[PDB]
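Here is what each chain is made of, one letter per residue.
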Amino acid sequence: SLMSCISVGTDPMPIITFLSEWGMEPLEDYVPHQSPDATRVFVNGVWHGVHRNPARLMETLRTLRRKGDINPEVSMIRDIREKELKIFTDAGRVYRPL
Amino acid sequence: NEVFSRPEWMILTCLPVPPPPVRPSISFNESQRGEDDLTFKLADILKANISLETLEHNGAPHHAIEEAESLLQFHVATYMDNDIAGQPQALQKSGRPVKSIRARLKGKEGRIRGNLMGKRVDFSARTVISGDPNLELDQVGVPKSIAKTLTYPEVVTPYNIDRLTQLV
Amino acid sequence: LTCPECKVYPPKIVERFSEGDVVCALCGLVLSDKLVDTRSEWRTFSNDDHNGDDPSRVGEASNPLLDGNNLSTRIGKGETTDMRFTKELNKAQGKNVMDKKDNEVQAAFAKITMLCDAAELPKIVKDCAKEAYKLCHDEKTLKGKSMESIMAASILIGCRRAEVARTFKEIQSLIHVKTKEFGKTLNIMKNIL
Amino acid sequence: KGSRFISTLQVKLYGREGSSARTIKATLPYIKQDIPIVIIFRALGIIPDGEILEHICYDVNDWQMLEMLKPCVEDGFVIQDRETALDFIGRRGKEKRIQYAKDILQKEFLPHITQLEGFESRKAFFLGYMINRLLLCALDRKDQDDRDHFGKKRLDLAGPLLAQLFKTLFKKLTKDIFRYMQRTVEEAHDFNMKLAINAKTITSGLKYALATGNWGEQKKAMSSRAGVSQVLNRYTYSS
Amino acid sequence: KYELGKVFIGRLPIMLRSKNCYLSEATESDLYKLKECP
Amino acid sequence: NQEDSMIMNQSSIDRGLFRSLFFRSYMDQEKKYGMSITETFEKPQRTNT
Amino acid sequence: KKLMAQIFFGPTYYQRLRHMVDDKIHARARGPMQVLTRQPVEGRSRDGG
Amino acid sequence: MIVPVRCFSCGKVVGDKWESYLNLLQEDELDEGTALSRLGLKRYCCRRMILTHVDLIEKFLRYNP
Amino acid sequence: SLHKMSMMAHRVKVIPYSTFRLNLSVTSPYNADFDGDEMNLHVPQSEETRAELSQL
Ligand SMILES: [Mg+2]
Ligand SMILES: [Mg+2]
Ligand SMILES: [Zn+2]
Ligand SMILES: [Zn+2]
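Chains as they are written, first to last, in the authors' numbering: chain A, 540 to 637; chain B, 225 to 392; chain C, 22 to 214; chain D, 246 to 338, 345 to 490; chain E, 148 to 151, 163 to 196; chain F, 834 to 882; chain G, 1079 to 1127; chain H, 1 to 65; chain I, 449 to 504.
Among the hints, erroneous ones may be present.
Stated by the list, open to error - Negatives, chain B to chain D, calculated, CB over 12 Å:
no., residue
1, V246
2, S249
3, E254
4, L266
5, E277
6, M304
7, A309
8, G310
9, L315
10, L359
11, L361
12, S369
13, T373
14, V392
Said to hold, decoys possible - Only pairs whose alpha carbons sit at most 25 Å apart, straight line, appear in this in silico DSS-like list of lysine-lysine:
no., chain 1, residue 1, chain 2, residue 2
15, F, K865, D, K458
16, C, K122, C, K112
17, C, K98, B, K271
18, D, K277, C, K108
19, C, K211, F, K865
Think of the hints as simulated: they come from the structure by calculation, not from any bench. Every residue, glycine too, gets a C-beta built ideally from N, C-alpha and C.
Whenever a hint applies, use it, and build me the whole structure from the sequences.
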């Protein structure tokens, strides 16, 4: 389509760094019987960890992306129903401006 | 059948070598020569055969012979049908798999469907179609160029004799 | 061909390709009815087909002048293939590799091919160097000349003909050249017609 | 990023609805048969049922999903420690097989996570998430994913396509330089740089693909996809 | 273990109008001179 | 003009309506086939060609 | 004389496409043949049947 | 690609009205409907003629040899 | 050529212009439209074959 374009690919590494500095409990020491509702965080299909307050983190991410600070090419989705928060740095993704 | 098809003849021993019209050659420009895939495949059968012959003639090392045998078995097999299940394919340097005898007869475009059941022909023409409310139902309008290329071989009889002379 | 009907020394005969006949221009008699498109015929040996889909592509080209008469077919992995047989059959081909001292000297071509690509030289230069070498290597006129310098001399012989400019000092550095030796070997070959 | 070790893992749920003992198995690479979930978890150091269950099911009150997993525990009953589990997986390819199992799981199992070491805990958690997701569609809680959702689709452009080609072409050169290193060390002939690096490898290599359209090597141009790279339409500006 | 340049590897084909291309930073009047269509 | 065809103004055709330029490019290589053989651009003579 | 009906008349952007009759017209009554099958050749270009 | 001499449909000589047209638009600053009319282009066939011309010649002239 | 009426024998009318001209009532069996469609002609070479054409 006219407005359409494709992703070229970003380094997920700095986004992963912001995550652990925004309250992300790492998967390695997650206890499911203790936090059975904690929202799971994904970066390019890699389960990096878990998050207690997902809404605030999401807000911080979006306002970082609209600022330019985090690439506007990067995908950021919260699945309130499935208690999931996936992110994509991935190239090949077709996007349009809104 | 005792006369035309015995079980023993399902095993090959003597190989019919097809004449060139079956497997054509083209001598281009003295450093460029084109040989048919079947000719390549026969050169492999022969090379393999010549080798096994020497092996059996000389000191037969058993396992070294059965090795050479299965290679001859392949080249022979692979020449009739190259698209064998399980087996690797005979390949022409380009990566192109060898057009076996089976391959040639095989599909729609194959010797049967594409060359016998159907065939391009002479004394045929094709152009765009347009409607003519002034033409008759049974009539077909023919562009002069086509009419001037397409022909009828009328035989000289004392009826057409004078008219045919005029056309000539 | 020549027209039976007339027969004047220079036979003025035309190829009416579109009408598919070989005709005598002088009398009008068609001498042949069967006529082939050579260019389209050649396209069954050399083509766009690498895939092996084309029912037209039925043959393969060769270079008699260089390859000689060696018709061979790779045993390779197809759509359905158990790797076991591909190994077995190729292992078998190895034992059957008992090729002559000159059927192993085609490895000197593999050297020139590796030397041309390294010299950033064209395909035509190789086919000329591999040509001049194939004609002089067995020569008595050359005898016991430094074998390393004989093939390097054929690379300059190939470059001279293909108009691809290369200095003696360039080819000298490319392999290793004993100046007087590779100047003498380049003259016996140049003398070889 | 880099090489793209495109390996697939399938976690299959056996038995149709209304059938006795519905087991859950997994497609581990370079292994003949599919292995029961509990055997993989036990091969990852998660040995009691209570732990193997925790990684899969987060709610202790989800008896519906827990009863769904009861025959998986029963199926992997025979295995009861890392060694027994690893040797089990290996035989499906002693000591020879334990190492094979250790390697397949570390190297070829969920390699998008990590290709090495201490991330067993991480690899194992993902396995549980996969099974959780599998069991959800099987309990008709969540529905089968749309195989046509454009968001789960990617478009490989000029960059990725060349990158793919160049990766194979560079590896071709790198291994031809190694072959030369042996030749020159054998005769101490001095490793002439021009004699080592064959320009033509990459030069003509890329030129082929771009010219013919068969995205791969000429070898090879039979098994490689053609259609990438076409002669540009110059009919009308819009075309 | 104890101790005892820039080499050409190949020709990469450039995409017209890319950073590496001659026509990337080219003007209208420039392209016309290069016999290229703006 | 029935069944998808159409009447066109011949007089407009003359006044230049829907005319087009057509350019076809023919290409030929003077090839070298090894040490001695070379294709040649010239006017071939019917007696020796 | 006036047409009894009134016509919907006015401008409309029309495109002259490829495919012109003289690029398509094709006749043959014998011509070149194939060497393998000895049947006619394929293509208008090649003067095939 | 140069102003056609004569309207395809009707035949009114239209090729002499170009520079004159462009003068009414730029120099006089009149709108197209007003401009084409000053030139004498009554019928829509002749109007379509000048109104729709794209003078590509000008783009071509920009290449030196 | 989907049914016997996709191939019918016709009476020639050598005419100007590069197209095969036909009557419209004949469009129905051929499944023809004058939107750039092409058709084929085959010339019988025998007095016998032309009877098969004209007769059947
Ligand atoms: Mg139709
Ligand atoms: Mg219709
Ligand atoms: Zn004569
Ligand atoms: Zn007008």
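* To do: Test the statement that B/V392 is away from the interface with chain D: the closest C-beta pair must be farther apart than 12 Å.
  => B/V392 clear of chain D: closest Cβ-Cβ about 48 Å, beyond 12 Å.
* Quick one: work out the minimum CB distance from B/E277 to chain D and report holds if it exceeds 12 Å, violated otherwise. => holds, 33 Å
* Asked: Are all C-beta atoms of chain D more than 12 Å from that of B/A309?
  -> holds, 17 Å
* Are the Cα atoms of C/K122 and C/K112 separated by 25 Å or less? -> holds, 22 Å
* Asked: Do the alpha carbons of C/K98 and B/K271 lie within 25 Å of each other, as the hint requires?
  -> Satisfied, since the Cα-Cα distance of roughly 21 Å is no more than 25 Å.
* Asked: For B/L361, which was marked as not at the interface, is the minimum beta-carbon distance to chain D over 12 Å?
  -> Given a closest Cβ separation of 40 Å, the condition holds.
* Asked: Just checking, B/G310 versus chain D, shortest CB gap more than 12 Å?
  -> Given a closest Cβ separation of 17 Å, the condition holds.
* **Agreement of C/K211 and F/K865 with the hint, judged by alpha carbon distance not exceeding 25 Å** => holds, 19 Å
* **Exclusion check [B/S249 not at the chain D interface, CB over 12 Å]** => Its Cβ never comes within 12 Å of chain D, the nearest being 24 Å, so this holds.
* Interface exclusion of B/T373 relative to chain D, criterion Cβ beyond 12 Å -> holds, 31 Å
* Does the no-contact call for B/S369 survive, Cβ to all of chain D over 12 Å? -> Holds, because the least Cβ-Cβ distance between B/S369 and chain D comes to about 28 Å, which exceeds 12 Å.
* **Cβ separation check - B/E254 to all of chain D, threshold 12 Å** => holds, 26 Å
Figure legend: structure checked against the earlier numbered hints; the only hint not met is number 9.
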